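Shown below, as structure tokens, is a lone chain in the form deposited without the named molecule; questions about how it binds or moves come after it.
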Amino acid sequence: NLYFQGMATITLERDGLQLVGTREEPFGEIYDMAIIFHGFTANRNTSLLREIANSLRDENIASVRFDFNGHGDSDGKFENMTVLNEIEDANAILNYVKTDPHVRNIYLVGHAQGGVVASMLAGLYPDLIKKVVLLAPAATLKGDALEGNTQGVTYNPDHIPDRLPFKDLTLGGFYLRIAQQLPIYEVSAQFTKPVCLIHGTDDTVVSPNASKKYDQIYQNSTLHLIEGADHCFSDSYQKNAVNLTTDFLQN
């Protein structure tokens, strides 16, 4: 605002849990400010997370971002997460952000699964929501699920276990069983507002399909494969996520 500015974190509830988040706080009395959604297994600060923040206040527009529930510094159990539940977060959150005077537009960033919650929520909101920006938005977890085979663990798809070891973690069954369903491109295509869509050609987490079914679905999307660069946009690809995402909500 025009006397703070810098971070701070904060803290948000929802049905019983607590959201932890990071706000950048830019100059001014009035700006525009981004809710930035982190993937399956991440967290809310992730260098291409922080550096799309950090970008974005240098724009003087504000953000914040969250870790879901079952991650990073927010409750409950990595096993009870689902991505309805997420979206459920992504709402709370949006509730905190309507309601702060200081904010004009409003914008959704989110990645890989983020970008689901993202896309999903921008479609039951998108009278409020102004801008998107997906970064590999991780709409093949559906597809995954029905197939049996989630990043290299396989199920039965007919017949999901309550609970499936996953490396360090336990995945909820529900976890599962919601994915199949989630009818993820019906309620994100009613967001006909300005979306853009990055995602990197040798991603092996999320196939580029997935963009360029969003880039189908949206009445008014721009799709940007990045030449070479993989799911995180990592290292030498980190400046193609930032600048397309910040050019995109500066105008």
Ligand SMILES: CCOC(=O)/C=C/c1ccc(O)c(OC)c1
Contents of the next structure:
2 protein chains.
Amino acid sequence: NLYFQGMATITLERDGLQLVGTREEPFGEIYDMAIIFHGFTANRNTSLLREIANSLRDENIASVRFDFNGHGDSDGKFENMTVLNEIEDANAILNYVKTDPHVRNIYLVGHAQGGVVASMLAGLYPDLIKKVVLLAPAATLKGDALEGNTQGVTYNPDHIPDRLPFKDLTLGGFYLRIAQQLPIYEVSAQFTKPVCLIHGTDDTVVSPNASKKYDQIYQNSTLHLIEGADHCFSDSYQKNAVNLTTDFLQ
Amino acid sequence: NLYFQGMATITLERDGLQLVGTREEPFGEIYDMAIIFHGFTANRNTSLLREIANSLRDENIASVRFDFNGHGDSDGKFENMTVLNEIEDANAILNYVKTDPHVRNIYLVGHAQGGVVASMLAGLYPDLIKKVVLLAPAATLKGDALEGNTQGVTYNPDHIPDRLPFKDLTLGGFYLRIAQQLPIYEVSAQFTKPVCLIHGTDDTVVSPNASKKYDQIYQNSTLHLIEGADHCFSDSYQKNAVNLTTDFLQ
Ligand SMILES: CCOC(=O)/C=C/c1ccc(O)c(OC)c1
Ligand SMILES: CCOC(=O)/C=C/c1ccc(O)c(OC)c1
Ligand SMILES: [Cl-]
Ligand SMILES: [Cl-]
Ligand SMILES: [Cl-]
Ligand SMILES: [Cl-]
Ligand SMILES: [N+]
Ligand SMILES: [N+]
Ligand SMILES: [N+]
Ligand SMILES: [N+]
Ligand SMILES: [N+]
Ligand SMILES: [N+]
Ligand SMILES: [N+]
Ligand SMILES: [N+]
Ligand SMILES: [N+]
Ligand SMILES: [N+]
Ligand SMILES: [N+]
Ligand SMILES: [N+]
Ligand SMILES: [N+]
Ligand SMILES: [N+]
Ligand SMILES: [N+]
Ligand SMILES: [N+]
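Okay, that is the form deposited without the named molecule; can I get the form solved in complex with the named molecule now?
Below: every chain and molecule of the assembly, starting with the one above.
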């Protein structure tokens, strides 16, 4: 605002879970605010999401970035996380933003699974969200679940176990059952305002096809396929992903 | 079990919320178990649900019945309840039931909004649940949210407010935005094992067309129209409701 600029730690509640975020507070009385969503097994402070927030703040656009339930500093077990209770988290954060009287327009920015959270959130709030940016949005998480292969890790898609080991973590059977029947496109397509879609052509975690499908379902989308970029927009592509996002929001 | 029979109060957790229930434990080393789900604004101990759990226990079918979040003895504000978070409540209860070693077949039994919870849960666990009984399932709550008229309380369905004063209660805006888009029949229709559908013909809260519709989506359903019954299967209608429920779960 006019008196404090820079970062602050903010905590919210969603059903007796506490969610821990970082607010990037710009100069100015009135401003636009982006809610930024990290991906699966990630947290609010990846390089991509840090640089996103920072670039946004340099253009006077506020932001908040939170750890989803079961990730980062936020409460709850990873095994109990699903895309749906992430939407619930995202709604608790949308409550916080929409009641700050500094905020003018609200933007949603999500990477990977946080892109699916963003796109379905905007589809529930198409009357409130103004612009949305999706980076490598992971709608393919639904097909992976129908196939029985989530990021290497395999199961029978018709006999899903109670839990699945997944690196050093424990993934919940319910995550996968919800994943198989997520109405991603059905919900996301309710949002008819400006969408920015950024995806790397060398993404091997989430097919570019995912962004090509989002480009079909939105009537107001712009698609950027970044030649050579990976899933994380690593190395030289990160600045590319970050300027696209910033440019679009202004 | 073979040593203890009779009731107990169970406490479960879901996302930092305590869910309070009643477990009825029958005779035998091995038995089937019913999960009984109450409706919108109701609780686990309505006359109807006590009588279901009693009739079941006479057949040595075990049951549990929990207050959903925002109801009865359970945690959370009513205004923060949604059908989605009730499904998550329901999944937490299912975790408890499915991990009991005495339990053979798991049945779902849901009244009104508890019917929607039940049908959706069965659709997500079509490999685990053995049988479903829906009493006046409120699948009409979605169309009601799309029209903008929930039990006579009207609001703009394209501009859903933050909160809706709702007769001595305050229903959450996010309840309504979820309801509009819940994929009730899509998910429910994945359950291809036996379903028993029961609806009174004089229900004025949930149109009988709801049970008619399920009986069309389902690959193995049986429809019981109770001539003259009300939404809550009151007085004489209750024993008919209960017997149909009991006989079916056998
Ligand atoms: C941080 C980047 O990673 C993601 O967000 C991935 C989302 C996602 C992609 C494919 C899947 O099969 C899946 O189910 C676990 C999730
Ligand atoms: C306690 C017994 O009854 C119920 O569960 C009723 C549920 C219900 C019916 C129609 C609706 O438009 C609705 O939106 C909140 C909810
Ligand atoms: Cl699970
Ligand atoms: Cl015994
Ligand atoms: Cl009663
Ligand atoms: Cl009967
Ligand atoms: N200010
Ligand atoms: N985030
Ligand atoms: N399978
Ligand atoms: N969307
Ligand atoms: N588009
Ligand atoms: N036993
Ligand atoms: N309910
Ligand atoms: N109530
Ligand atoms: N009751
Ligand atoms: N009931
Ligand atoms: N409430
Ligand atoms: N609510
Ligand atoms: N009603
Ligand atoms: N509003
Ligand atoms: N709400
Ligand atoms: N939907």
